[PDB]
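Novice: Here is how the chains run, residue by residue.
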Amino acid sequence: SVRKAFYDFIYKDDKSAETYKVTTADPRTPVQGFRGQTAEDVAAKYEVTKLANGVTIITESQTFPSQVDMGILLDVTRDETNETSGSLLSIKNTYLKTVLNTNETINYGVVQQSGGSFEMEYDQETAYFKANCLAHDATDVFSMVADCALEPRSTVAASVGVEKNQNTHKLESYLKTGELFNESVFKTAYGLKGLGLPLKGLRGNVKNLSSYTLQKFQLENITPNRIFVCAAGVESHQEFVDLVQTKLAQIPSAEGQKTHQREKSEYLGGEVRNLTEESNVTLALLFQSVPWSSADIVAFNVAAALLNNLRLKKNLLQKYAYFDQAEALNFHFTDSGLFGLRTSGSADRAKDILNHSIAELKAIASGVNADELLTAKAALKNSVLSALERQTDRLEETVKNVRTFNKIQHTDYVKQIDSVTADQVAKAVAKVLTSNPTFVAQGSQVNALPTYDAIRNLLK
Amino acid sequence: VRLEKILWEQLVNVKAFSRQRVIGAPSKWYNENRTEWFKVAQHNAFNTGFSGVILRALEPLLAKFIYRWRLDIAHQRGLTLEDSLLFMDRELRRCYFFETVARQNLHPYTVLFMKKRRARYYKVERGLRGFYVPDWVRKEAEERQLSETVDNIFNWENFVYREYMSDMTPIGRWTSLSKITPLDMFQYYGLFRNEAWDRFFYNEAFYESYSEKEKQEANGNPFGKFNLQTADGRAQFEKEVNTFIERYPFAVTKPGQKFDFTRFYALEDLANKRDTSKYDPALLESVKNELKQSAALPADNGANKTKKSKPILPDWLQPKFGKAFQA
Amino acid sequence: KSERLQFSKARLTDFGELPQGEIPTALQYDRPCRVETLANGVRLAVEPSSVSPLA
Amino acid sequence: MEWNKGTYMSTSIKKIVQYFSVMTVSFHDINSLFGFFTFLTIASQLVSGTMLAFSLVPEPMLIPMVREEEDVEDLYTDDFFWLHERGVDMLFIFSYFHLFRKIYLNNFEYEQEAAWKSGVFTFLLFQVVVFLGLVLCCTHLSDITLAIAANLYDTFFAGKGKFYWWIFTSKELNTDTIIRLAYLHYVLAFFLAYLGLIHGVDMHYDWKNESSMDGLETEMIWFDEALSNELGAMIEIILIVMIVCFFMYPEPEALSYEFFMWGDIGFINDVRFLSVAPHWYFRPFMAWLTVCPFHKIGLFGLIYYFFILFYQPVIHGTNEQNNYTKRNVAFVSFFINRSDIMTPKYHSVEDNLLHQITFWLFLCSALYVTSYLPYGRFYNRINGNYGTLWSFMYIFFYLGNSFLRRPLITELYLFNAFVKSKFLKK
Amino acid sequence: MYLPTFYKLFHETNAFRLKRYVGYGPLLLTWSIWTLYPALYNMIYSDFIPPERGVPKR
Amino acid sequence: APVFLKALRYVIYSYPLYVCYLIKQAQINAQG
Ligand SMILES: CCCCCCCCCCCCCCCCCC(=O)OC[C@H](COP(=O)([O-])OCC(O)COP(=O)([O-])OC[C@@H](COC(=O)CCCCCCCCCCCCCCCCC)OC(=O)CCCCCCCCCCCCCCCCC)OC(=O)CCCCCCCCCCCCCCCCC
Ligand SMILES: CCCCCCCCCCCCCCCCCC(=O)OC[C@H](COP(=O)([O-])OCC(O)COP(=O)([O-])OC[C@@H](COC(=O)CCCCCCCCCCCCCCCCC)OC(=O)CCCCCCCCCCCCCCCCC)OC(=O)CCCCCCCCCCCCCCCCC
Ligand SMILES: CCCCCCCCCCCCCCCCCC(=O)OC[C@H](COP(=O)([O-])OCC[N+](C)(C)C)OC(=O)CCCCCCCCCCCCCCCCC
Ligand SMILES: CCCCCCCCCCCCCCCCCC(=O)OC[C@H](COP(=O)([O-])OCC[N+](C)(C)C)OC(=O)CCCCCCCCCCCCCCCCC
Ligand SMILES: CCCCCCCCCCCCCCCCCC(=O)OC[C@H](COP(=O)([O-])OCC[N+](C)(C)C)OC(=O)CCCCCCCCCCCCCCCCC
Ligand SMILES: CCCCCCCCCCCCCCCCCC(=O)OC[C@H](COP(=O)([O-])OCC[N+](C)(C)C)OC(=O)CCCCCCCCCCCCCCCCC
Ligand SMILES: COC1=C(OC)C(=O)C(C/C=C(/C)CC/C=C(/C)CC/C=C(\C)CC/C=C(\C)CC/C=C(\C)CC/C=C(/C)CC/C=C(/C)CCC=C(C)C)=C(C)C1=O
Ligand SMILES: COC1=C(OC)C(=O)C(C/C=C(\C)CC/C=C(\C)CC/C=C(/C)CC/C=C(\C)CC/C=C(/C)CC/C=C(\C)CC/C=C(\C)CCC=C(C)C)=C(C)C1=O
Ligand code: HEM
Ligand code: HEM
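Here the protein sequences line up with chains A, B, C, D, E and F, keeping their order.
Note that this note's numbering numbers the first sequence so that position 423 is 423, with each residue one more than the last.
Note that this note's numbering numbers the second sequence so that position 202 is 202, with each residue one more than the last.
Note that this note's numbering numbers the third sequence so that position 23 is 23, with each residue one more than the last.
Note that this note's numbering numbers the fourth sequence so that position 62 is 62, with each residue one more than the last.
Note that this note's numbering numbers the fifth sequence so that position 13 is 13, with each residue one more than the last.
Note that this note's numbering numbers the sixth sequence so that position 9 is 9, with each residue one more than the last.
No wet-lab data here; the hints were simulated from the structure.
We treat Cβ as the ideally placed atom computed from N, Cα and C, and that holds for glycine.
Hints are not guaranteed to be accurate.
[Unchecked claim] Partial selection, computed: residues in chain F whose CB lies under 7 Å from chain D:
#1 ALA1
#2 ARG9
#3 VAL11
#4 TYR13
#5 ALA30
[What the hints assert, rightly or not] Mimicking SDA-like on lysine to any residue, the simulated pairs with C-alpha atoms at most 20 Å apart in a straight line are:
#6 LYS422(D) - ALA205(B)
#7 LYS123(B) - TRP207(D)
#8 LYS162(D) - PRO4(E)
#9 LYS9(C) - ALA205(B)
#10 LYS19(E) - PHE64(A)
[Claimed, not checked] The following residues of chain E were derived to be distant from chain A, with all beta-carbon distances above 12 Å:
#11 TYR2
#12 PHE6
#13 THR13
#14 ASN14
#15 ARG17
#16 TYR24
#17 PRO26
#18 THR30
#19 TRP31
#20 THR35
#21 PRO51
#22 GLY54
#23 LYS57
#24 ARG58
The shape of chain A in the complex, shown without the other chains:
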């Protein structure tokens, strides 16, 4: 009105304005003429439905009205070849760049002005896009997410991704990050093929990440049967089903057509010893543990929790001053796994670090005490339930469980953790120890270390 325009032209308060009264009220008292209803939480209900083409949609009803989370999961680094290695990294570095329907600028502005968040991540066997926003913005954000996930990569996106991948490789090498070491560990474990393919992609192939290679990779990997769609905070499953239908229903079914498929993984217990003139030596010792389908995954998670929370700190870091940092690594895949230790300490006396790490790892195989097991289980429950409490992480692990097993197993992790017993963990670790060790060493005096046969004998 005239009064508002006048009081805005001269920067003076309008006392009689209702908005001013609302925005300058006493924080210790409720607002004068507004009051929100009280609501109580409701149980969570999961529903999974497959479309005609093969796309499967998971949904969870709203426990308490909050922001709507949405996600697209793809079974598509394990599926990359040497020609197209690092394509997932380029997509991640340019996950907002789409051209068919919306522009990079517009799809960034949608996230910015929606108040929500949009993110992408990728593992050896998974690629997950997730966007959380308000209900009224749900349709636009879902359209953006679908376009980003399923639209073929463009030449401009390919160039930007190549530049960003070069920057990422330079940064990773400069910082000597633990991921750069895990890449060598995986290469040793499985070789240059399959799981051993680095997550960041081969450095020599970065220049080859053109739109053609990315599109070929997507065509040979992204198929309707390998796509999952998830939502959380949805009042009605049918509404989200219709929303997904309006977008992903076009993709013609790939059933009955030649699929790329995944070749079975092979485990090799090689060794790597890098001289780098480093004041500190980092070692890693891993073994083929178990896949997701096995019943010991909970046992290995409990063992890792026991190592990290209780044993590694007390027996390795606290007692010895030359242990910079020790941590247990545990990865599980659809057909393989890797459980072990990674310890970094002083370059000199690396033999002592290696021997102590081997002894600590073998201690679990020797046995586990009741109090230690209870402490590890309590810590694992705390971590898992803290993850599950947040809606986004709960939805992500729901999608992963559905894509691994048709049922949802994250609603009863406590029961499985409780079922674990010290004998089971000890037997699992002892059986894993017999496998071919995967031993990686970097540092100044890696050369003066026991031979592979000596390490095997020590583990034996």
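Position chains B, C, D, E and F with the ligands relative to chain A; hints supplied.
Specialist: What follows is chains B, C, D, E and F with the ligands alone, placed relative to chain A:
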């Protein structure tokens, strides 16, 4: 102040006049392909209405003074219309957008041959003026028909739109030049643009566009509404195609030969659902082979490769031959 | 529920955004919370969430 | 000043010397050398005007006598005055030929912006200096020019509060006005040299003797290979001008335009208003004023001509949107059933015939406008020359309207041919 | 969601900056009025409010 | 498409014609 909710917008952009702003799903700026827009506009202007009637009568003059003129000049220069239409000399000489797109997407030869073709003529014309390209070069210039130049032009324009022009968001801007001249200093870009005021948001629905009926109609028969099934339609279509071929010498066939209508009808029948065995099996096989080859993107054989260089330091930069027991 | 569709855009009556006073429907609901004071002056506040897995 | 990003070239003596000693020029013809002729005429104008300044006393009542007496007692003074006048004439000729040549090649592209505008500004300044120079003659022609300029200046202020006094004191040529205008003339004439240097540095970014993109990569070294050709072309054009002037202007002539310069301010009070005529280069503007008897509309026409001449790259350029700009069309919207139209792309120079026809119509209209004086004594009582009105209106339309430049007809016809050929050959 | 076109943002920002700069127009006008006041008086009492047409008897 | 831009285009096209009309009227008046 907000441009929307301004007094003019409040009084005019109201549901009463159907001038209200409508908010829909977000969409990219530059939503309409220029090539498709020009195709539809050309069809509407030439093959419909009083404008179409007028422009049809002007086909002789336009063909003489706008097509055969350019073709004659290009042939004099040993060039074709492609050399002047696929990539304009402006883009070829100095254009940073074209340079970047070509570097990021194009193989060097695609523009190197374009530049060398003009270098052929201008190494002589500048040395001695009035150069008329000899017959042997003119022959290779004349070999390529316009039917392939149009394919190249459409491919390039569609690629540029789908990859670059579809990923651009223009903004309000001041003078690009950092010139102290006051006239250049206070140049204002963003107002007086129809696109700037047509939509104030990236969510607004588009209010002006071609109807699906017009888009489908523009993809019919350019020469006119005929019925190739009936003999009466085929006669008129052949007459129009013959006069077109006469007007445009190097458009679809050499200027001394005649167009093969049976092959065209076979292509139309194969492309659409209509089918029959009224054509010889040899004709069908040849047409299918030609169609496959025309749509086949060339690929490298990886054969007949030259030798790569592995240079080494000369002898004088290397230690002498002798090498005795050090101690 | 405001209407059948949760993802409706009807309330966005200001060029794709809510007007000045309005708020999203999701924020119109508040979890129960009881605050009490003891003799010692210690103030106890509870905001239960039954569906949550932790306390 | 964060908005100003920087300068294309730092005009330092070291860098200027290096740039001009390493400059390369592609093979060219005489048509693409009018800029060098303009610059050389500017240099000679600077020298000759400096020589003249030491003779001209800025008092109005002494300038005629001083000029007459110092031509005899001093040798080469009248030679320098003649050189100055003919240099002004040739400078106008070369500048307008350069403008026509650059309009012909469609240099309104974005990459030409810095090259184009920097030039036009120079041209604009080159106008002002000329005006000031006229005032220094202290003849009736100078009186009329000063009066017209003062009235135009006072037009913006609605004839209120003598805002013109700081330059056009009393709107008459006196000691103060002559001194101020002479000093301003000298300073701006010397500033023109720097403006021309800046324009020459800017324009080399994308320099082309012809629109067609020759594939040649080798280029001439400027210092002597190109400079010698530039000097020789200047010599040839000067010979042609000498021949044309010798034959077109008989030694004694009747009814010349210099006859209005007989009257000297102060000596002669009465002015023969029947025969009022400026030099041919300012003839078109006086003709426009006579043709358009409305003062405000005439001033607006002059300002519009100059400023639209300045802003050619913006109206007719690509505009950085890569030809995806949408025009406003009056009637073509009904024919195409579209509110706007995408800018046409294929607007070559040598090939297309519409561009040449329109450009030569514009050039001939300009020549006809400069061809004669409308003779306003009864130019309106007698229905005026329709050719003059047609030429002026075509000049206004050609500069500013994009339907006479980058026409849509060529693009539509080419697309129609493309569609027909592709359909026939699939 | 609110996704204004950057054209509009630039236009609004420039409108606000023009509003800010117009405030100093009256300042410079007052400075030039205090200065050159005799010129303002001559302008106001020469064209506006023209002098009366009359001459003294002497 | 905007009304004011279309009006500006119409003014640009039609103003020279208005000037010509004014000039013709001025000539007719000068005839007397
Ligand atoms: C010949 C005899 C007389 C000589 C007089 C010399 C000057 C005397 C006063 C100043 C003395 C100190 C000089 C210090 C210079 C420091 C900078 C420097 O050297 O940088 C290199 C500079 C270029 O800088 P740049 O960063 O490259 O920017 C240009 C780019 O190329 C970008 O190009 P673009 O295309 O984008 O721009 C085109 C063009 C477009 O330009 C325009 O359209 C604007 C019009 C031109 C500028 C007008 C200035 C008006 C000044 C009035 C002064 C009144 C008298 C009182 C003076 C005392 C102080 C008040 O731009 C320019 O030309 C801008 C450059 C300006 C050059 C003049 C700089 C000095 C004056 C600055 C103000 C006073 C500073 C005083 C400091 C000391 C304290 C007293 O080159 C020159 O200085 C060129 C010199 C040419 C000399 C020839 C004669 C011209 C004299 C000046 C212009 C007079 C016009 C008529 C005025 C009439 C008034 C009624
Ligand atoms: C109180 C008293 C105060 C003192 C008063 C006295 C003042 C004395 C000043 C002395 C200046 C020394 C300048 C040194 C360089 C001169 C050139 C050179 O290297 O000579 C070797 C050269 C060796 O012969 P050559 O093997 O055939 O080579 C010929 C080429 O010139 C060979 O050239 P090139 O092809 O190898 O390459 C030329 C150029 C590549 O081309 C270019 O890049 C040309 C330059 C581009 C930028 C400038 C454009 C405009 C051109 C220059 C201006 C020309 C007009 C000057 C008008 C002045 C006013 C009237 O490359 C360069 O050389 C780059 C540097 C160019 C010179 C600038 C830098 C050094 C000198 C200045 C340093 C300090 C900064 C300046 C300000 C200092 C203020 C204190 O000597 C001659 O040929 C000299 C011939 C002289 C006789 C013919 C002309 C006579 C005049 C006839 C008219 C009627 C008057 C008769 C005479 C009356 C008595 C005087
Ligand atoms: C210090 C370093 C050097 C610096 C160099 C600076 C260079 C500057 C370059 C710019 C100079 C600017 C002035 C250029 C002047 C150009 C000439 C000019 O204006 O005209 C001069 C004059 C005319 O000047 P005017 O003053 O009379 O002009 C009349 C006035 N106006 C033009 C305003 C109407 O022309 C001549 O008369 C010269 C030619 C004389 C005759 C010779 C040619 C005859 C051709 C026909 C011959 C046919 C014979 C056939 C039969 C033979 C039988 C044997
Ligand atoms: C195209 C040309 C390019 C090259 C040239 C570049 C020019 C660049 C622009 C320069 C503009 C300079 C304007 C100076 C005006 C001075 C005279 C004047 O103000 O009016 C005199 C006149 C003086 O009148 P007067 O009546 O006293 O005149 C004396 C008359 N006799 C001798 C008979 C007594 O002023 C007026 O009459 C108007 C009064 C206005 C009062 C209100 C103020 C208005 C704003 C004034 C701004 C002044 C700014 C000065 C500084 C400018 C710095 C850039
Ligand atoms: C708002 C509007 C402001 C004005 C802006 C308008 C644009 C202005 C652009 C100016 C461009 C100027 C370019 C000038 C380039 C040329 C310079 C030049 O040559 O010097 C000027 C010259 C020299 O002028 P001059 O004044 O020295 O001498 C000419 C003398 N009068 C004027 C009496 C003719 O000017 C001209 O006269 C040029 C045109 C002459 C054309 C004559 C051709 C022959 C005609 C024959 C008639 C038919 C006979 C046979 C009939 C029977 C057979 C068909
Ligand atoms: C001395 C008197 C001089 C009067 C001059 C009048 C000139 C009239 C013709 C030109 C006007 C300006 C054209 C550009 C307008 C901005 C761009 C545009 O098209 O906007 C359309 C836009 C939107 O147009 P739209 O509504 O068609 O766009 C929406 C379309 N749909 C709904 C289909 C998506 O409208 C505006 O908001 C602009 C309103 C007009 C603003 C004009 C300001 C400048 C002119 C007035 C200056 C002040 C004069 C004071 C006189 C005082 C006299 C005492
Ligand atoms: C496309 O590529 C191209 C270019 O790339 C940019 C070009 O540069 C160009 C040309 C552009 C240029 C800027 C260079 C122009 C070309 C040439 C040959 C130069 C022309 C000028 C001259 C020959 C004269 C040179 C003069 C000077 C360097 C001095 C400048 C003036 C100074 C220092 C002050 C003058 C002072 C005065 C008082 C004036 C009077 C002077 C006198 C000597 C006379 C009186 C003397 C006294 C002492 C009283 C072309 C054509 C081109 O094709
Ligand atoms: C709005 O109002 C305004 C104006 O008017 C409208 C203006 O004009 C202006 C600008 C104008 C001015 C301030 C006036 C300036 C005027 C100018 C530049 C005109 C002059 C231009 C020229 C090129 C003059 C050139 C002169 C010459 C070559 C003369 C050469 C003479 C000599 C003596 C040279 C030799 C000597 C030397 C170099 C001195 C060195 C020392 C010696 C020789 C020592 C000798 C002694 C001993 C003992 C040895 C402004 C700012 C303005 O506001
Ligand atoms: C490009 C540079 C210049 C141009 C375009 C120019 C233009 C002119 C013109 C058109 C005239 C009137 C000629 C006539 O009416 O016939 C003139 C006269 C004059 N100019 Fe310039 N001028 C320039 C440079 C200079 C310079 C640098 C000076 C002094 C340093 C100067 C000093 C004079 C003088 C003194 C007169 C009058 C001479 C007399 O009346 O006898 N000029 N100028
Ligand atoms: C006194 C005025 C002028 C001078 C001293 C001058 C000087 C020059 C010179 C020396 C050149 C290089 C030689 C050539 O291209 O022929 C040039 C080129 C050029 N001039 Fe000017 N010029 C002037 C006026 C103008 C005008 C009026 C315009 C346009 C309205 C203009 C625009 C250009 C352009 C665009 C080029 C580059 C042409 C190209 O890229 O092919 N100049 N100028």
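Novice: Would you mind marking each hint as holding or not holding in the structure?
Specialist: Hint-by-hint comparison with the structure:
1. Hint status for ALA1(F) relative to chain D: holds, with the closest Cβ pair at about 4 Å, below 7 Å.
2. Interface hint at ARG9(F): satisfied, since its Cβ lies 4 Å from the closest Cβ of chain D, which is below the 7 Å cut-off.
3. Given the 7 Å rule on beta carbons, the hint for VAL11(F) is violated: about 11 Å separates it from the nearest Cβ of chain D.
4. Checking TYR13(F) against chain D by beta carbon gives a least distance of about 6 Å; that is within 7 Å, so the hint holds.
5. This hint holds: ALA30(F) has a C-beta 4 Å from the nearest C-beta of chain D, less than the 7 Å allowed.
6. For a cut-off of 20 Å, the pair hint linking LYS422(D) to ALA205(B) is broken: about 34 Å separates their Cα positions.
7. Restraint check for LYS123(B) and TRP207(D): the C-alpha separation of about 18 Å stays at or below 20 Å, so the hint holds.
8. Between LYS162(D) and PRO4(E), the direct Cα distance comes to roughly 49 Å. Violation of the 20 Å bound is thereby established for this hinted pair.
9. This hinted pair checks out: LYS9(C) and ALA205(B) have alpha carbons roughly 14 Å apart, not beyond 20 Å.
10. For the suggested pair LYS19(E) and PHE64(A), the alpha carbons sit about 48 Å apart, so the restraint of at most 20 Å is broken.
11. Its closest Cβ contact with chain A, about 5 Å, brings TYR2(E) to no more than 12 Å, contrary to its assignment away from the interface.
12. The beta carbon of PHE6(E) is not kept farther than 12 Å from every beta carbon of chain A, the shortest such distance being approximately 9 Å.
13. Annotated as non-interface, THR13(E) keeps its C-beta farther than 12 Å from every C-beta of chain A; the closest such distance is 16 Å.
14. No Cβ of chain A approaches the Cβ of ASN14(E) within 12 Å, the least distance being about 18 Å, so the stated non-interface status holds.
15. For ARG17(E), the non-interface assignment is confirmed: its Cβ lies about 15 Å from the closest Cβ of chain A, beyond the 12 Å cut-off.
16. With a minimum CB-CB distance of about 16 Å to chain A, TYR24(E) clears the 12 Å threshold, and the non-interface call stands.
17. Distance to chain A confirms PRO26(E) as a non-interface residue, since its nearest Cβ pair spans about 15 Å, more than 12 Å.
18. For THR30(E), the condition that its CB be more than 12 Å from all CB atoms of chain A holds, with the nearest at approximately 20 Å.
19. Separation of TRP31(E) from chain A is adequate, the least Cβ-Cβ distance of about 23 Å exceeding the 12 Å criterion.
20. Distance check for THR35(E) against chain A: the nearest CB is about 29 Å away, which clears 12 Å, and the non-interface claim stands.
21. Interface exclusion of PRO51(E) from chain A stands, the closest Cβ pair being 42 Å apart, more than 12 Å.
22. No beta-carbon of chain A comes within 12 Å of the beta-carbon of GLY54(E); the shortest separation is about 50 Å.
23. The claim that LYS57(E) is not at the interface with chain A holds, since no C-beta of that chain comes within 12 Å of its own (minimum 59 Å).
24. Every CB of chain A lies more than 12 Å from the CB of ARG58(E), the least distance being 59 Å, so the non-interface label holds.
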